[PDB]
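Trainee: Generate the whole structure from the sequences, applying the supplied hints.
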Amino acid sequence: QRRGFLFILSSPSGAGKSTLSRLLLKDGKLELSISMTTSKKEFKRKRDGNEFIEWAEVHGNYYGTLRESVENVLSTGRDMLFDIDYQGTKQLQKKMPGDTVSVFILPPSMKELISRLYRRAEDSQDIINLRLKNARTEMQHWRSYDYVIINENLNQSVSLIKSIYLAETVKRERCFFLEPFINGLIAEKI
Amino acid sequence: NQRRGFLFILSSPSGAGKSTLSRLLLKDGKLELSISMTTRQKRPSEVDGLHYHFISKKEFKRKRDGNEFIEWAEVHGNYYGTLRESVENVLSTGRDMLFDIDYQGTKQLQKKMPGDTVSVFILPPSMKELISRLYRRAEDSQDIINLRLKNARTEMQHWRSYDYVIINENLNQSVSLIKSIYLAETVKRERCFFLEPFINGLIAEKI
Numbered sequence: 016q017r018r019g020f021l022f023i024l025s026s027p028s029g030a031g032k033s034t035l036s037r038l039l040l041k042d043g044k045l046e047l048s049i050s051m052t053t070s071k072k073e074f075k076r077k078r079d080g081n082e083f084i085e086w087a088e089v090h091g092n093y094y095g096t097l098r099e100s101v102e103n104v105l106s107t108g109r110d111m112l113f114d115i116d117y118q119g120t121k122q123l124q125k126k127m128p129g130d131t132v133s134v135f136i137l138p139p140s141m142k143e144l145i146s147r148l149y150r151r152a153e154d155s156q157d158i159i160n161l162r163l164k165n166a167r168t169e170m171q172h173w174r175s176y177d178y179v180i181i182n183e184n185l186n187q188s189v190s191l192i193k194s195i196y197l198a199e200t201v202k203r204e205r206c207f208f209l210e211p212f213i214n215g216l217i218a219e220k221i
Numbered sequence: 015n016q017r018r019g020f021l022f023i024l025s026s027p028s029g030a031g032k033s034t035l036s037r038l039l040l041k042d043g044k045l046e047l048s049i050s051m052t053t054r055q056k057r058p059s060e061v062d063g064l065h066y067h068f069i070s071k072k073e074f075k076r077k078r079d080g081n082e083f084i085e086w087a088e089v090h091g092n093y094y095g096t097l098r099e100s101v102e103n104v105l106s107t108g109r110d111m112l113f114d115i116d117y118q119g120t121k122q123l124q125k126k127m128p129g130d131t132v133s134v135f136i137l138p139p140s141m142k143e144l145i146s147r148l149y150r151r152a153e154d155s156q157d158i159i160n161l162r163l164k165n166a167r168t169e170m171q172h173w174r175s176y177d178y179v180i181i182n183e184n185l186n187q188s189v190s191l192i193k194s195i196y197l198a199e200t201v202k203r204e205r206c207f208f209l210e211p212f213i214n215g216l217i218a219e220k221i
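Top line first, the protein sequences correspond to chains A and B. Taken in order, the first sequence gives residues 16 to 53, 70 to 221; the numbers are from full-length UniProt numbering. Each residue of the second sequence is one higher than the one before, counting from 15 in full-length UniProt numbering.
Here are the computed distance ranges between Cβ atoms for each label pair:
1. A:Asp79 <-> B:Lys164: 56 to 62 Å
2. A:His90 <-> B:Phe207: 34 to 40 Å
3. B:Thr107 <-> A:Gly91: 50 to 56 Å
4. B:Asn103 <-> A:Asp79: 56 to 62 Å
5. B:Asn214 <-> A:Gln156: 21 to 27 Å
Everything labelled a hint here was simulated from the structure, so no lab data went into it. Every residue gets a Cβ at the ideal spot worked out from N, C-alpha and C, and that includes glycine.
Mentor: In structure tokens form, the structure reads like this:
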């Protein structure tokens with residue numbers, strides 16, 4: 016009845032990604048994308080063939096989403112969740128116009144962002160300060176997002192994100208069933 | 015006024031449940047209802063100022079020549095219009111307005127205030143369901159019913175003017191959707207002008 020879209024969530028410091036993602040995947044309406052990771072020669076071949084809708088190098092290995100694998104899902108009306116950074120977001124939005132919905136999630140304050148990082152004991156003060164620097168770089172790209180949420184309350188934020196998702200499932204442009212259905216109401220014999 | 019107010023436009027073929035959905039959407043107070051001026055004669059059960067301001071054809075004409083209407087249309091043989099001053103006043107406070115109008119008013123608002131309107135078209139699941147709701151509603155003479163059907167068809171011809179289309183299959187689900195559309199648009203980036211100084215605040219904050 017409708018085309019699926021790629022649901023793109025980004026956060027400076029990307030903190031609580033596993034939690035917010037898990038909360039949005041629980042009911043099953045969103046599919047997680049299975050990324051190809053590092070043959071190395073197939074990655075370059077698929078990249079040189081424009082097979083990737085998104086690609087990045089993380090910790091010395093390549094990760095990518097294949098255009099074919101995403102296009103299969105969206106044609107069936109199933110939506111896909113992406114917890115990625117600005118670099119991935121810009122690649123998808125350029126490649127999939129009309130099929131992307133991007134949400135940027137901001138901290139209520141840097142003081143609160145620092146507090147959350149200082150509750151991840153596996154992070155030295157240096158790593159904390161490096162995460163703060165990357166957070167400031169990411170926040171500068173906020174204008175590339177359809178929606179921006181200030182995470183003042185995680186429960187409110189989950190509610191808002193779910194509303195964004197629900198709202199986008201009934202956008203006129205992606206509900207291709209509307210034209211024959213509405214013509215059918217207009218022509219129905221009474 | 016941390017973000018731009020917007021005009022939340024609900025349209026439906028008469029008998030698809032727009033009026034009931036509007037009442038439920040007004041309950042939590044975030045939306046203010048737009049009161050249209052009208053040249054329709056006030057019905058015995060109506061009260062001026064609750065849904066319409068009932069004025070004369072000459073007074074409607076004079077308001078139109080004085081540019082007082084941000085939007086006006088002839089709907090079912092009577093004139094209806096929204097005063098620009100009433101919209102300006104609600105939106106200056108950063109507040110959102112609920113609108114109960116047809117496609118003619120919708121198109122004017124979208125052309126004058128691009129980006130500040132959110133339009134939702136509500137459809138029946140069938141015309142049989144539409145007729146079933148029209149009978150259950152009123153004193154239900156066949157003439158009024160046929161004519162409401164004709165109007166319903168003409169309004170549905172203009173569905174491409176609407177940002178969202180909802181098929182009213184379940185009333186609770188329909189309320190959930192429209193409320194979800196409302197909430198999503200309050201956090202739409204292009205109307206949150208507060209963002210830039212707040213994010214510059216986050217980037218320039220001392221750590």
